[PDB]
Amino acid sequence: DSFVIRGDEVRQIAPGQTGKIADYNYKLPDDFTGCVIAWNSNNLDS
Amino acid sequence: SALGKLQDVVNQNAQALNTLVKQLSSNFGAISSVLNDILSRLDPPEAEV
Numbered sequence: 398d399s400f401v402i403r404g405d406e407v408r409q410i411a412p413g414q415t416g417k418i419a420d421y422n423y424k425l426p427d428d429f430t431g432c433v434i435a436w437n438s439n440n441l442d443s
Numbered sequence: 943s944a945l946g947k948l949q950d951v952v953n954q955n956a957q958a959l960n961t962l963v964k965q966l967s968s969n970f971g972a973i974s975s976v977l978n979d980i981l982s983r984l985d986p987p988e989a990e991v
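Protein chains in written order, with PDB author numbering: chain C, 398 to 443; chain B, 943 to 991.
You may find that some hints are simply not true.
Taking beta-carbon pairs under 10 Å as the criterion, some of the chain B residues facing chain C (in silico) [what the hints assert, rightly or not]:
id : residue
1  : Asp985
2  : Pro986
3  : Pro987
4  : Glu988
5  : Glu990
With beta-carbon atoms standing in for the labels, derived distance ranges [unchecked claim]:
id : chain 1 : residue 1 : chain 2 : residue 2 : range
6  : C       : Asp398    : B       : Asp979    : 34 to 40 Å
7  : B       : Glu990    : C       : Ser438    : 32 to 38 Å
8  : B       : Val952    : C       : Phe429    : 53 to 59 Å
9  : C       : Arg408    : B       : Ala956    : 52 to 58 Å
No lab work stands behind these hints, which were simulated from the structure alone. The beta carbon of each residue, even a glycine, is placed where N, CA and C say it ideally should be.
If we strip away everything but chain C, and leave its shape as in the complex, we get:
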């Protein structure tokens, strides 16, 4: 699952988190088994 997010609240991609992204955009289940990978893309997207 690939998407672009901003550092503020980017931590919300995790099991059992609350906020605009976790509640309205992308919510992971409580028993999620996998990895979350992130990197700064300022040179490409800004």
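Please arrange chain B on chain C, whose structure you already have, making use of the hints.
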């Protein structure tokens, strides 16, 4: 007390059942003994704990 051998059976069964009910008021370390009261304020990921 002449009939104590028969009265003691009633008293022991009532006392064991009474203690069994009273154990529901204990917390065992949880924030509250009422399951609905903890479930209504804490989020699922911690409410399960």
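_Tell me the numbers of any earlier hints that the structure contravenes, in ascending order._
none
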